[PDB]
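Reviewing the structure listed below.
A protein chain is absent from this complex, but the other protein chains hold their places.
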Amino acid sequence: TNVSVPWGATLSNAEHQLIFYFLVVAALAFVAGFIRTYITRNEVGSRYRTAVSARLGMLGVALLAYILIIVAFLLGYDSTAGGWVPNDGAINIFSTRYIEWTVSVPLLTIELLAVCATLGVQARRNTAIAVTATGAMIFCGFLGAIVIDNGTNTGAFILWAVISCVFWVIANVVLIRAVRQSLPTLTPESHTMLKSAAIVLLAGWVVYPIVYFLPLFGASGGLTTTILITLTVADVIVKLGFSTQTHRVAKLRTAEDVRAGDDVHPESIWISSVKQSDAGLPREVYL
Amino acid sequence: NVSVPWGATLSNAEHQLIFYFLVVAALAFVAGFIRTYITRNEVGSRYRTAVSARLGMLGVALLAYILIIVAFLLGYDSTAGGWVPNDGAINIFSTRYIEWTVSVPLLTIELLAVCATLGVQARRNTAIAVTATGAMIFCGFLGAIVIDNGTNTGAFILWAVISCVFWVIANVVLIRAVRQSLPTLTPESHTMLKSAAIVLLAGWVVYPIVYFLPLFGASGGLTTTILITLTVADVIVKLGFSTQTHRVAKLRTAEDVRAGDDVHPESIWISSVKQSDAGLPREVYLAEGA
Amino acid sequence: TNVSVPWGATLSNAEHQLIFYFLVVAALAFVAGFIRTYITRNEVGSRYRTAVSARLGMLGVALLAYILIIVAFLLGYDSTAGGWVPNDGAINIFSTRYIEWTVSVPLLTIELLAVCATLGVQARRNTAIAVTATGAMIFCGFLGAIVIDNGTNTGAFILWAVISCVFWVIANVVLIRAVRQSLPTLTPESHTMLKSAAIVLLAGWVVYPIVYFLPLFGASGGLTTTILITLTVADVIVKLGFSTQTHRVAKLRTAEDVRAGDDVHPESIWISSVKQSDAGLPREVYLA
Amino acid sequence: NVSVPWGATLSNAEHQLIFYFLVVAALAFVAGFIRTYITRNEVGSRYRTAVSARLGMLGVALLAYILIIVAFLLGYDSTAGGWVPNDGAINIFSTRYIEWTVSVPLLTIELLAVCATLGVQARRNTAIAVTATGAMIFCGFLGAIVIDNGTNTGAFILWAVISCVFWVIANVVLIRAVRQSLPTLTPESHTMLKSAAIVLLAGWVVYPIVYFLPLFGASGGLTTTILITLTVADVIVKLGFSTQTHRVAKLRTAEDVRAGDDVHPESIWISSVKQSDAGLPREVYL
Partner (left out) sequence: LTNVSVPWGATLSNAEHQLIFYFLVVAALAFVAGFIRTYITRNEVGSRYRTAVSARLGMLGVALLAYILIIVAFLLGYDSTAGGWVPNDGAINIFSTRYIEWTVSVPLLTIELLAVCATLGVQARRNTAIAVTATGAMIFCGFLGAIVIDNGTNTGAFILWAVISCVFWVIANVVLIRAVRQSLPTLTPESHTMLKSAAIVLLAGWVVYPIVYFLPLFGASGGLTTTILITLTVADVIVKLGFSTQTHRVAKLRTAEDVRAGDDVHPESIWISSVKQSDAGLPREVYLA
């Protein structure tokens, strides 16, 4: 064995206060995000609405997931005057985060594929692979770090992390391919944003496998604090960073369709205070 | 005697797996509910019953699963690498029946809504399908839970059979109503409705099979299997089926627009392929007003 | 006889499981109903919107009320070797249901009067009487069965049940009159629906006074279970049954107004997959 | 010297009555909130402040009453002697002040919104009415609750008077603003605004009266009366008044449509009598 489970380390008051701070700040950030996303939903044509429903879906999940993580944290440690001593439920703080990823991540794939130019079967096939891939990716990490021998077995810990990375690559490929195919068919302005969005998501993803392995280099209140806070900052930045990008895309693509006279939008579309499309109504129709 | 699944002690691995799938399910339903709500106006007023049913069922499922999760947390007491069932452990199974009682009937309504059945033939079908599926569940509940704390092997098997009676009645009514619609629909609609019907009616089989596993003994592993399988079943069927009936309603809505039977204020898309164009109703005067 | 309070009877596990089942199934049924009602709100012209706001209002109340009933139930009984033994809070299970009716019923009256053709003072007067009548009707039953001598006094129990029935009749009259007056001025199709809706509500109402008196024929876990479950089935059927009807009415009346060119509706109106009206916009207007 | 009402032990009959009215109130507000939300677009953009205020106040009232109910359930312990007050029994009365503090000012705004007040005269009135009613409540809170656990008969009466000062200031500001509007309104609008104003300003009297009952002694019966009366008062005033200001906004909206001052995308009705017809704005080119 080399695995020092992070829910074994006792926390100082400073650490316990910092973790809670970032946890709740995260939850509230997601509430603010969810609200913003909901209110700005009709800034996007019916064609790119899957991007919106996915974004709102994932923010809703993240929000609720983080409430559980917060609850688990509050019931996971006991104050002893010698610090905060982990109880049996301390593992749930890490357990709950996997639950989050299991649902939140697949929605992130769907959101990216939605702003991609994939059509018909090529689109539905990609989604199916990306979803099941990312789903499996998380579920594997869960088996290694949590489920199997209370996450103490160094064999399984490393084994399933690798099995996970297999699925990870499958995902990266499917997404990168689907993006690389779209960029040509898009305008210069759209091209740039989709590339940006794809990077923010696929780039950030790297942080997680790195943090997964830190428990191998030992155990400590400081390490455990780092693991918890990093993943929180990671979750917030990726989810809100990426989401904002795919939105800006959907709007650009919507505005383009309006300008190209492919469709009409009942309100004017703006980006950084620069008008993109004008408000228009459909023709009145006789039966 | 019947080996009740809420008698079996769970390992930490098992307790962790059950919770994982339970909460993942609940959150999947949150995501589904939100998606369904946001995409509600992609469907004509004619097929709105399909939407209200889908949102209704996802809302119920969501809340039901919160109860199941709570029951699970209060159903077992930790014992140094093991979780020992308490008196409330039965409620984990009890609560799932409560879910089905409401969630399933809504699934029937949702399918019949996208079907072409018209007038009283339609309203009669719904009435039978609903009461049938309602009774189907309530029966299984009496057998597995209510009667002699679900230990009586007689009642357990008896009411499971009475249940299966109602089950068939439902399958018939639905299959008939679908087989009648498919002819009068287009090729593209025809395919989807058939698909949706299969996902629902096919998946249904899993449940009676899982109901009887308690007869082949009791074990942490079995109990875990029963709980997880039903969760995966619930999620796949409800979200799998729901997505299908939606794609139908949109196709049927787009068709009505193209056929010039109605108008829709936004363009309708499926897999990024345009189906209908946005149109407004003609501006009209009044024969008499203020 | 003599009054055997139903919150005195000990429940078997089978009974305790059945009550909870129906209670929660009810609550969820109301969630589904509330959602459906909300989504289908704009299927009705501004003229008949009072019908919708009332229906959604009552479903919202019912939903929340039943959450309280469920809470009361969970805190009302303690598990023992002898089954589920009533504690002091067991009375609240019955107490809470009265609270529900007090609000949910008056909304049911308003909902029916909304789809009625009553105009001006005749309309506002009817509502005022029906509401206060049904309100008093419930509050009376509450005094008899719960408030007065912890609902053990057989005198008050029967007395106030009668005072209640007085208000009950006043309501039935006001509603029946208001309906019978509308039916003439309505179309054949509307006429039929309003009659149907009125029956479902006014007919079902009978179940409640009947169940009120069962505590006189003794007390048992079986009886208590019957009282609780019957009232739940009653609540669900009446509220959802009736509600669906008044909706079908409002839509028909809305579609008619559109066809008669009296008003316009921005979407096509359907009933059992049969189109009733077509989508229309108002004429664009130039301002002085 | 003052017989605090949270000192009195309650019978079962009393405890059951209080809870009944408390929850019935909360549910009445749920029904009201829902109605208000659904009927929000029956009013022109001009009188929307009336709607946002009404929905705001119903939302507050609803939540406030949930707290009052919770406080009630945690305020008394069942014994051989009935329901005996614990330390938290005061919170039942405490929580109601919290409600008024927010719910009342919104009631002022709602009335001023359907008034014809324009520019500074409007913004000034609101500012005074809000701070006036806010202070009015906060004063009563100091007297009855905060100062010496509301036992000091001096402060109890003192701050009740300071309160009444603010009370009058409010009545004046509102009455003035209404009396100025009634001339510029139609006969039908004139009547409604007067009605609404009475329901609010009239009902207000009940509260100061109930505030002083604790001086004529303490008793389960009195405490029950105080609690139930305030509940009936809250419900009647809030949704009685609210229904009126709504009927006003619709009339004023319909009038603007008929006068060709504005357009409304749906037909407006009152007691089944059509007021305005549905109309769209003219299409605009650029």
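Residue numbering begins at 1 within each chain, and the chains themselves are lettered A, B, C and D in the order written.
Here is the rule we use: a residue touches a chain if its C-beta (ideal position, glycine included) is under 8 Å from a C-beta of that chain, and two chains touch if they have at least 3 such contacts.
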Neighbouring displayed chains - absent chain, whole complex: A, D
Residue of C:78, C:88 or C:284 in touch with the missing chain, whole complex considered: C:284
Residue of A:100, A:256 or A:263 in touch with the missing chain, whole complex considered: A:263
Residue of D:24, D:30, D:51 or D:251 in touch with the missing chain, whole complex considered: D:51
Of A:128, A:162 or A:279, the residue in touch with the unshown chain: A:279
Residues of subunit D (touch criterion as defined above) contacting the omitted chain: 40, 44-46, 48, 51-53, 55-57, 59-60, 63-64, 67, 87, 90, 94-95, 97-99, 101-102, 106, 116-119, 122-123, 141, 145-149, 262-263, 280-286
Contact footprint on subunit A, counting only the chain that is left out: 13-14, 17-18, 20-21, 24-25, 28-29, 31-33, 35-36, 39-40, 43, 79, 261-264, 266-270, 272-275, 278-284
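One rule holds in what follows: only the chains that are shown with their structure count from here on.
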Chain centre separation (subunit A, subunit C; CA means) in Å: 45
Sequence positions of subunit B contacting 2 or more other chains: 262-263, 280-283, 286, 289
Pairwise chain contacts, counting only pairs that touch as defined: A-B, B-C, B-D, C-D
